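Okay, here's what each chain looks like letter by letter:
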Amino acid sequence: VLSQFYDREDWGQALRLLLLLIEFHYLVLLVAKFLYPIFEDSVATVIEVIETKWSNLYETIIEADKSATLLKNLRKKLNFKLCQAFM
Amino acid sequence: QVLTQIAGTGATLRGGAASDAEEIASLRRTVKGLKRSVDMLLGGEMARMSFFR
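Protein sequences appear in the order of chains W and R. Residues 1 to 87 (my numbering) are what the first sequence spells out, left to right. Residues 1 to 53 (my numbering) are what the second sequence spells out, left to right.
No lab work stands behind these hints, which were simulated from the structure alone. Backbone N, C-alpha and C fix where the C-beta goes; we use that ideal spot for every residue, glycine too. One should not assume that every hint holds.
No farther apart than 30 Å at their CA atoms in a straight line, the calculated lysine-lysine pairs in the DSSO-like style are these [as the list claims (entries may be wrong)]:
#: 1; chain 1: W; residue 1: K77; chain 2: W; residue 2: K53
#: 2; chain 1: W; residue 1: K33; chain 2: R; residue 2: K32
#: 3; chain 1: W; residue 1: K53; chain 2: W; residue 2: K33
#: 4; chain 1: W; residue 1: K81; chain 2: R; residue 2: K35
#: 5; chain 1: W; residue 1: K77; chain 2: W; residue 2: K66
#: 6; chain 1: W; residue 1: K66; chain 2: W; residue 2: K53
Chain R is faced by these chain W residues, among others (derived, beta-carbon under 8 Å) [claimed, not checked]:
#: 7; residue: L82
#: 8; residue: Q84
#: 9; residue: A85
#: 10; residue: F86
#: 11; residue: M87
Here are the simulated distance ranges between beta carbons [stated by the list, open to error]:
#: 12; chain 1: R; residue 1: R29; chain 2: W; residue 2: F24; range: 54 to 64 Å
#: 13; chain 1: R; residue 1: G43; chain 2: W; residue 2: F24; range: 33 to 43 Å
#: 14; chain 1: W; residue 1: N79; chain 2: R; residue 2: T9; range: 22 to 32 Å
#: 15; chain 1: R; residue 1: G10; chain 2: W; residue 2: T45; range: 52 to 62 Å
#: 16; chain 1: W; residue 1: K72; chain 2: R; residue 2: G44; range: 16 to 26 Å
#: 17; chain 1: W; residue 1: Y6; chain 2: R; residue 2: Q5; range: 47 to 57 Å
#: 18; chain 1: R; residue 1: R53; chain 2: W; residue 2: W11; range: 19 to 29 Å
#: 19; chain 1: R; residue 1: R28; chain 2: W; residue 2: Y26; range: 57 to 67 Å
#: 20; chain 1: R; residue 1: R29; chain 2: W; residue 2: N79; range: 32 to 42 Å
Please model the entire structure based on the sequences and the hints provided.
Quick look at the structure:
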């Protein structure tokens, strides 16, 4: 969070978050939300692992954030892949 | 643009038009094809070269 408040730093923070998610549903959703808000090879690998890893409380959290989820996540992943390809 | 300029000048030369009309039209096509390829690479297809299609 401190790093977030403070580009490379942001990437390091995102990586840390992905690592935490791997170690651990709600957390995963929060992570996806953060990634969408932000929207190379290591990053792609992480995104992939997350997709591989991918109830009511989670849905509620998702609804609060929006104020379907899986689809949005897939879309974000596709966008990231496109970005990596362009790079 | 250089080719468009050369072809035009070639069409109004004293003594008769230039013989290289189609030779230049071919070069135009090749140049456009290369600008297309380069534009695709620059536009993202270069960062996605190691990916399966």
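So, going through the hints one by one against the coordinates:
1. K77(W) with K53(W): Cα-Cα ~13 Å, so holds.
2. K33(W) with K32(R): With a Cα-Cα distance of about 43 Å, the restraint between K33(W) and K32(R) is violated, given a limit of 30 Å.
3. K53(W) with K33(W): Holds, at about 16 Å.
4. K81(W) with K35(R): The given pair, whose Cα atoms are some 25 Å apart, holds under the 30 Å limit.
5. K77(W) with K66(W): holds (18 Å)
6. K66(W) with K53(W): holds (22 Å)
7. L82: Because about 7 Å separates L82(W) from the closest Cβ in chain R, which is inside the 8 Å limit, the hint holds.
8. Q84: This interface hint holds because 6 Å falls under the 8 Å limit.
9. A85: With Cβ-Cβ at 2 Å, under 8 Å, it holds.
10. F86: The hint holds - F86(W) has a Cβ within 8 Å of chain R, the shortest such distance being about 3 Å.
11. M87: holds (4 Å)
12. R29(R) with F24(W): 54 to 64 Å: Given about 57 Å between the Cβ atoms, the range holds.
13. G43(R) with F24(W): 33 to 43 Å: holds (38 Å)
14. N79(W) with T9(R): 22 to 32 Å: Check failed, 49 Å falls outside 22 to 32 Å.
15. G10(R) with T45(W): 52 to 62 Å: Because 56 Å falls inside the window, the suggested range holds.
16. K72(W) with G44(R): 16 to 26 Å: holds (22 Å)
17. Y6(W) with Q5(R): 47 to 57 Å: holds (54 Å)
18. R53(R) with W11(W): 19 to 29 Å: This hint holds: roughly 27 Å between Cβ atoms.
19. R28(R) with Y26(W): 57 to 67 Å: holds (60 Å)
20. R29(R) with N79(W): 32 to 42 Å: With Cβ atoms ~35 Å apart, the hint holds.
When held up to the earlier numbered hints, the structure conflicts with 2, 14 and fits the remainder.
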